[PDB]
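The complex appears here without one of its protein chains, the remainder shown in place.
So that you can tell them apart, the chains are marked A, B, C and D in the order they are listed, and the count of residues begins at 1 in each.
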Amino acid sequence: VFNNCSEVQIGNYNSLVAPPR
Amino acid sequence: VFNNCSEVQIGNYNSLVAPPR
Amino acid sequence: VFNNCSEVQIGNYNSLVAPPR
Amino acid sequence: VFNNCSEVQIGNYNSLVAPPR
Partner (left out) sequence: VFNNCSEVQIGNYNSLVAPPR
């Protein structure tokens, strides 16, 4: 688990739902 | 678990819901 | 699990749903 | 599991649904 730059996400079972229109 | 730049998130089972319109 | 640049995501069972129109 | 450039994703059983129109 290592992040150098921005906009990075680490995590198991990390669900993500985008914004519906 | 290491974060260098900004906009970084680390965590297991970290669910995320975007803003619905 | 190593991220160098931005816009990178690591995680097993990490489902992702895009924003429906 | 190694990512160098951006726009990279590593994770088993990582389903992805595109945004329907």
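Just so it is clear, a contact is a pair of C-beta atoms (placed from the backbone, for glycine too) under 8 Å apart; a residue touches a chain by one contact, two chains touch by 3 or more.
Against the chain not displayed here, chain D makes contact via residues 1-21.
We take it that only the chains that are shown with their structure count from here on.
Centroids of chain A and chain C (each the mean of its C-alpha atoms) stand 5 Å apart. Averaged Cα coordinates give chain B a centre that lies 10 Å from the centre of chain C.
In chain D, the positions touching at least two other chains are 6, 19.
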